[PDB]
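In structure tokens, one chain follows: the form solved without this ligand.
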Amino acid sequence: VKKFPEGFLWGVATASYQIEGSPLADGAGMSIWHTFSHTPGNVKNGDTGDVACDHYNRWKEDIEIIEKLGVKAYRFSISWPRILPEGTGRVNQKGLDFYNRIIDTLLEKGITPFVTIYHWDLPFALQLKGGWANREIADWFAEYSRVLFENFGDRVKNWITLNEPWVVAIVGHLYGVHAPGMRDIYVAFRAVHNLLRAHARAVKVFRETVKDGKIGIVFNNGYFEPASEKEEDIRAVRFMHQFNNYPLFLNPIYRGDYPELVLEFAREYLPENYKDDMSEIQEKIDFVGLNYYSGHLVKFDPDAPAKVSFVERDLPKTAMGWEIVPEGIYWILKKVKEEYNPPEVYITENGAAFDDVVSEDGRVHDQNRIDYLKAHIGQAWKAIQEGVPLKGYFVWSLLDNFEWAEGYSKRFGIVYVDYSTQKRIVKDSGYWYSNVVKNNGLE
């Protein structure tokens, strides 16, 4: 028996471009994911977000699902180009109306909204002006964030500025695998820095406009272990933690500079006078969100672009090929407390992709996903018993959805979506979780 604290927020999470469809409905502007996915070669099977789960139409049914499961919080994101179709300037009332209905409905039903301001769907109009590479995006983002705060901050009290800024910068602008699809290391590090500046401006505006709520930021994290007892493998782990995990961003926020090994690798790629922006970057935050999915074995490697390579292990893997390592969620939670001691932490995503099928009996028997979720929830509980101020846990995802460059080929939902009909079928993992939430823990 593992009972969580009284009032612990059990949640589910989604993102706008992944679930909504109808990207150009009701006067919305194009996003960078619209243009990226519509470019041949960028997304598996030529898939796009044009339809997705059709949540733009089916949002009431989906929230009724969350309500029927008894889940207490819903993390969702707002599409910037539905709100400001050119990124700045004109506000689109029909976009505000879409999200107003969702927010009013969740509150009617007693579900706490957690709003992600940016989950990767930058307005295309801003990408034409350099997007995250342009210092002026700190102003654009702050203006966007102020619109949201002024329209929704009377009702929404839990806000997240950025989802996984490492991904946005590095996968988007170095690896070129995500929108906007660039491969330039100097751009990617300018994006890292502008992401921090934009985050901080939005937190500054939040303090002026929503006197009652809390604001934070979300990071991707892996559990890196060293391949050997060699000092060089241990240091490769230190580097991957500092670069790929929360320290890239929390070292600036809490300490006023990038982590040491990131500076060793990337000083030449940051702006020349980047320290001039650090005092502003330290704007106080209310909580940290940590996403966690996987662990990696890591070794020093002289021929790799950052002197690190991954070493495959014969461990159970998900359909993404990602190693299942539940102790990682404990470790990152312990480690964030030890390194930065944030006042609150949330697991804002944890989940798994498996090759789900609808059985003859009408059900989806995803015991593999139950097992994954139960183990990570247990490790989260552990960290709570050892003093980490974990206030909530959000499953990625409510719904099978558009998995970015993998398209529809990877199902992370606790609810199966049959894309030919848009039918929703609650998976065994969804039923299992509803019981966890009702009991406030595991048994």
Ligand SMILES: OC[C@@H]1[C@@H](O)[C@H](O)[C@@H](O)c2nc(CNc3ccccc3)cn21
Second form
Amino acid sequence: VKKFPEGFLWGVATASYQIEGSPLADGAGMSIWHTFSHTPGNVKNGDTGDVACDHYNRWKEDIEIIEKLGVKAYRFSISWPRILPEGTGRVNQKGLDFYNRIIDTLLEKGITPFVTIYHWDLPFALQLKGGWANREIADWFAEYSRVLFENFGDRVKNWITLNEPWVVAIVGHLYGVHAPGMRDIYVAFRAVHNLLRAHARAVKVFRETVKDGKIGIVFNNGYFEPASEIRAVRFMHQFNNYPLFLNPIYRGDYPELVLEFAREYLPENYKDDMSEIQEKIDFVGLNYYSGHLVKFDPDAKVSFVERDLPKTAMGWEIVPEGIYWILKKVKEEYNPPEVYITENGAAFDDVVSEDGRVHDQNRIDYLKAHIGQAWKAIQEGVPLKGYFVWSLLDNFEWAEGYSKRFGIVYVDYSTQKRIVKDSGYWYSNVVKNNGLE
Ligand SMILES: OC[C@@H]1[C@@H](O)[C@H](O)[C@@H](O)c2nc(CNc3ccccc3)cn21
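For the form solved in complex with this ligand instead of the form solved without this ligand, what are the coordinates?
Next comes the full complex, this chain leading.
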């Protein structure tokens, strides 16, 4: 058997815009994902978050699912524009009430809330003022965070400032594939820098307001392997994985190969902000899904190489040893005091069988493999305190819309019916037993 430490936090994870629907209910402001997805051509099939999983109405049912599965922690995010419709200034009590009910319910049922302050749904009103490109977002984000800490910090004790700031900056502002949909490398690296300053201001305010909580930050990571016998792999790790942010946080500067590629794109006096950026954090969250074969390519000087490996419906190569590697590597490089896997999961082409069940053996296999490797990392000293499946529910998968299903619970969008998939029942057994067998 592979049993985990006493008190290990088994969780499931979601995000506000992906599950809630009702983006403009109860005085909420528009977010950039509202305006981006209502822009023709941005999202597959013209899909939007208007209805999504209707979690905005079905939240109690969904939490009852969490309880019934015996899952111990729920990672969810707060929609900034529900709380502050213009991004700063006015506070919307109805937005606060929505998350208060979720929080109180989880607590009553013995489930631990992990709150992501920002999972990509910036208020539109702030995007009009430049969003992440504007240095003033360090102030806006701090004010927003302060509101959350004051309203919920009595009950919520585990906080995440940002989900995947690399995606926010580069996919949102260089690739143009995510909101706000821009393609400017100088904007993208100012967003990188402002994301750090906003993260650090929010941590600073947390210490002033929530004397008992813990706060961290979440990064996306790939497992990069070199196509032959390498510096391309070094670059991809430092740019795409946690070092882009952790080197500022822990060491007070950007990683070396990031500066080689990107110094001209960062503000001229960016080092002036570094001492503030070093604000102490309590934990690192690592999201992990996939591995990549990578080669130097003269025509950022890196390309991916396709491998005959099992892939998910995203076309993402299934490489379980990556989650062990990234956990080892984070301890080796920065030694944070606590680590969580804040997302791990897979998209498969799920179908409800004639028996009324979703036989997602492919997802069970994927989860089991990765859980096994995280177990390994714990045996060799990585302080992993928890593991979160992405996702509780099939949901709006950003620019893929509803076409990608990541849930351990199937959602029939025509009726909003939830069907627990075999993987969800499987996971529940894992949580009950506190590990694999
Ligand atoms: O793609 C699945 C999930 C997504 O629904 C979450 O909102 C997000 O936190 C998330 N991040 C990754 C891994 N990195 C990534 C790759 C391509 C596009 C965006 C993020 C996967 N996921």
